[PDB]
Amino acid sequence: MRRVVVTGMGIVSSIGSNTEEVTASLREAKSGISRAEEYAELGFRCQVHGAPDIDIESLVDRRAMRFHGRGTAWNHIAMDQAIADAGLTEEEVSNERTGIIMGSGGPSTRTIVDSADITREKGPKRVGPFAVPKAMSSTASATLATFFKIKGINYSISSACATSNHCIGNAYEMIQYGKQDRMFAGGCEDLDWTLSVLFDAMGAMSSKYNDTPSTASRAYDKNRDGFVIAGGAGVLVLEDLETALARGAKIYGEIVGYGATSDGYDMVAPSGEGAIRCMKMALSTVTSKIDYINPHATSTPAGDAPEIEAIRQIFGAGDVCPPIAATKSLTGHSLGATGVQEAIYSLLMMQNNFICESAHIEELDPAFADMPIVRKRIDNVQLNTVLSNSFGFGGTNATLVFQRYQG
């Protein structure tokens, strides 16, 4: 099997519109969570969200927007960023050896609802002719593959919270096995009431911190009360090592492990043992210690704990366990975008020699008192190997491990 490296990154996040803004937010523990006035107007319990702040029309031209919902428009921006970061020529983007696996947890729910509404109000013709590519589950891959003239692999993986972790892992496999030499991998999610309401109705999102929105997402806090939803996108450029070296690529890291398993247990709560198997699978090909864990931890009573127990089973407790810092306390949970964004946060922390605070822990849950959850930013630390989990509804698990390239 060939070695696979990350040569470019792009991101649209609740904590920044590019990698520089994201890095500053991570370093300063600047929350991306704000009040969602619209959710209050609609009668939601949860009235907080993690909204990107970015001017799409200034970055994606009108004709290029024809088939984009707002999630895939963010993904287009992230792809432009990743291409620029990697320094790719047009020929390097568009060729038979270069593919795309780009996913979202759902499609444009807003397009679907707006279309149903206008059908009933003004008639089917008034849906317009461009709604299908926005409404389909493959929207993120179809729109970008077409626009960027991708000629190799083209499809989406979805797996709820795990979506863009599996997209990256499958793209990794394609390159390892020699089927493609370069891949664009990642994902996105729109942020829209038509999606958020589904989670509010199940009671899954935070509602006890509506008056202090910035601190509503608080993984590992004793009084965590649900996740905070977000939208955004991320893209990695992946290349086989020889391809990267030969063109003088930047190497942000090497992908050195990938795990994917299934709980076969509960639709909306994890079993724990599935996560253990997933992390073990990712670690089976890794020969250095793990220096940092970017957990799944979404700030839920039932979710944060089983993952911690899984981590304890593999790594032990206390100082011998890698430092753990939940970036979702700053960013919220961007569903399809989460895996790739967390890969990017982890790679940026590696680049900049720090581990962010696990934010908004006002009172640590005593169940986790034995674990090295980061309470204050750790500076001047050399990270060489980082692990990131994403564990999604339907018992779907994905873990990725990235390593500093040193030959």
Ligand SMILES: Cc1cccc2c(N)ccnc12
The other form holds:
Number of protein chains: 2
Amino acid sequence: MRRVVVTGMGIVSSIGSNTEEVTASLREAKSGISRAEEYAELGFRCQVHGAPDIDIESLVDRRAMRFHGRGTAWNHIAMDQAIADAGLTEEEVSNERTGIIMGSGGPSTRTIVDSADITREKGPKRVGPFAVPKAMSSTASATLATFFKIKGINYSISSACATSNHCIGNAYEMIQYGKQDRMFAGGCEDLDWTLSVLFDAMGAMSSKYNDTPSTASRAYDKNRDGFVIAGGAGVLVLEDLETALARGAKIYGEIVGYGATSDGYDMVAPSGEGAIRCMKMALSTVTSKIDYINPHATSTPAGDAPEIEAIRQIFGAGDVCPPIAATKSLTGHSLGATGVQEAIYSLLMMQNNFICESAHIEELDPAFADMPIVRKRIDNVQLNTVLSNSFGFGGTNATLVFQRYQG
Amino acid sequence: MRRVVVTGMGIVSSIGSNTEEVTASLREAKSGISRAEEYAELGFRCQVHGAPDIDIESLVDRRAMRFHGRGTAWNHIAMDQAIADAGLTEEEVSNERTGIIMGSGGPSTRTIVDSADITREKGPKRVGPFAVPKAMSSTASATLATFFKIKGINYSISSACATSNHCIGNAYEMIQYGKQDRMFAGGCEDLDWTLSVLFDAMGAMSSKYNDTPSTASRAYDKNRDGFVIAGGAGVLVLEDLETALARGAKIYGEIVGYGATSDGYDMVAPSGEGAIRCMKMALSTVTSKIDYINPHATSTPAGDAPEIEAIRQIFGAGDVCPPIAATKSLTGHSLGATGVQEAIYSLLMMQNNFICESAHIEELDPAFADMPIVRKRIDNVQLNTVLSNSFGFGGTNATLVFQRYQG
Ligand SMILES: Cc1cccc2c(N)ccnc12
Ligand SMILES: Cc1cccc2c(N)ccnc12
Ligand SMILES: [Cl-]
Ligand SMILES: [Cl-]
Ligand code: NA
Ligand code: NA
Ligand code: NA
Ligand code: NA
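For comparison with the form solved without the ligand, please write out the form solved in complex with the ligand.
Below: every chain and molecule of the assembly, starting with the one above.
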């Protein structure tokens, strides 16, 4: 099997509109969470969100927007960034050896609702002719494959909050097996009340910090009370190692492990044992120690703890366990975009020799007092191997391991 | 790479609620298309659909339905059928070597719309706590993986009308590469006005045959005027050959080729050249002649023709080209479910030594007069290798080739 490297990155996040902004937010523990006035107006319990701050119309032209919902428009921006970062020519983007696996946890719920409303108010014709590619689950792959003239693989994987970890992992497999030489991999999610209300209704989102929105997401805090929803996108350019070396690519890291398993247990709550099998699967092909864990940890009572137990089972407790820092405390949870964004955060930390604080821990949950949860940013540290978990509703687990390339 | 066989099938279709019913409809060219009174009431141009006729509550118990939209409920039925057909034990369904790749072209649009309506009329709490797993793009994999206690791979692929062909192909790869020994693969789609209107609004669906609904879908007819939308589901059980042989499995066929490519051209219209590359990819691993083509052909002016040209380019014209019969003329188009259902139709035709009529051709389009489009059912024919195309919006192409197992 061939070796596979990351040669370019792009991102739209609640903590920045490019990799430089995101790096600055990570370093300074600057929260991306703000008040969602619209949620309050509609009567939600949770009134916080992680909203990107980016001018779409300035970055994607009107005709290029015809088939984009907002999530996929953010994904288009991230794809332009990743192409520019990788320094790819048009021929390197558009060829039979180059594909795309790009997903979202849902399609444009906004498009679906607006369409139903306008059908009933003004008639079906007034939905307009461009709604299907926004509303279908493959929206992220379809829109980008068509616009960027992708000729190789083209489809979406979805797996809830695991979505873009599986997209990256499957794209890794395509290259390992020799089916493609370059892949664009990642995903996106719109941020819209028509999606967010589904989570508010299940009581899944934070509601006791509405008056201090910036600290509402607080993985590992004793008083965590649910996740904070976000939108955005991310893209990695992946290449077989020979392709990357021969063109003088930047190598942000090598993908050295991928795990994918299923709990077969509960729709919302993780089992823990599935996560253990997923991490062991990712680690089975890794020879070096892990220097940093980017957990799934979403700031929920029932979710943060089984993952910590799974980490304990594999790595042990205390100083022998890799440092753990939950980026969702700053970013919230962007569903389909989470996995790829967390890959990017981890690669940017590796590039810049620091591990961010696991933010907003005012009082550590005593269940986790034995674990190396990062309470203050760690500087001047050389990270060589990093592990990121994403887990999703339906007991779906994905883990990725990235390594600094040194030959 | 390991050999991979189909050991069980399940189906919910507009032309039958199990494989026996479906076989009878294929043999007798019995249309599954009927009047959609609701579409007429809402002011649609198209007033026809392909609706399954199946009593869900009699086949899936109430607690088991908690997280199902109607499409995934049909998918659950198809999964029960496929497990029963394969004769699998509980241990054979639930183990680390057994996974699920199960998709839909969209999630439950009904759930999304109902949720938005009830939020605005009665408040967010009244959405209830079970909406997310119905509304997310991974609904088919999440619900079934959780209920059937799947422990291996668990995710969805989506690619519009290519969805379940890619699900089967990726599951085939998992087994070929040795990552899993058994996979449940397929997909589903609900049938609901909140999805159908999106297609009516683009003018994509048949509207000139509303007074004769049974003949509205008519691939290759000179007067075809758009596709007819349908709902349903299908499931294949896939196994590595040694696993299948050792347990005395039924072998409905061996998967011997898979193609997946991208047009990189137009969002709605196929390019043709992408399809040629996809078929060549599927055929690159096939040594036998193709005895039957199950085309993508959806009964659209702009879609049926480029595929015919691509077939001509690969296979030639006239008698040297494999017989072509468009099952969508009977079934309509079930979006996420199409691929797997067409695999099942093709395997059932192979099992029963016949090729169905390509139905409702009152006047053949003269552009296709040189091609072996089946005008009357062909009996007493031994089919050994069959090819099925599914293509999707966003220029996404998938082709599967199945072969009668003879060693
Ligand atoms: C199995 C296991 C446990 C803890 C750490 C590991 C590592 N760093 C590489 C591979 N396997 C590992
Ligand atoms: C390339 C090509 C053209 C036509 C038929 C074929 C077949 N039956 C197997 C493999 N390749 C083929
Ligand atoms: Cl459950
Ligand atoms: Cl286009
Ligand atoms: Na309105
Ligand atoms: Na992570
Ligand atoms: Na109402
Ligand atoms: Na087909």
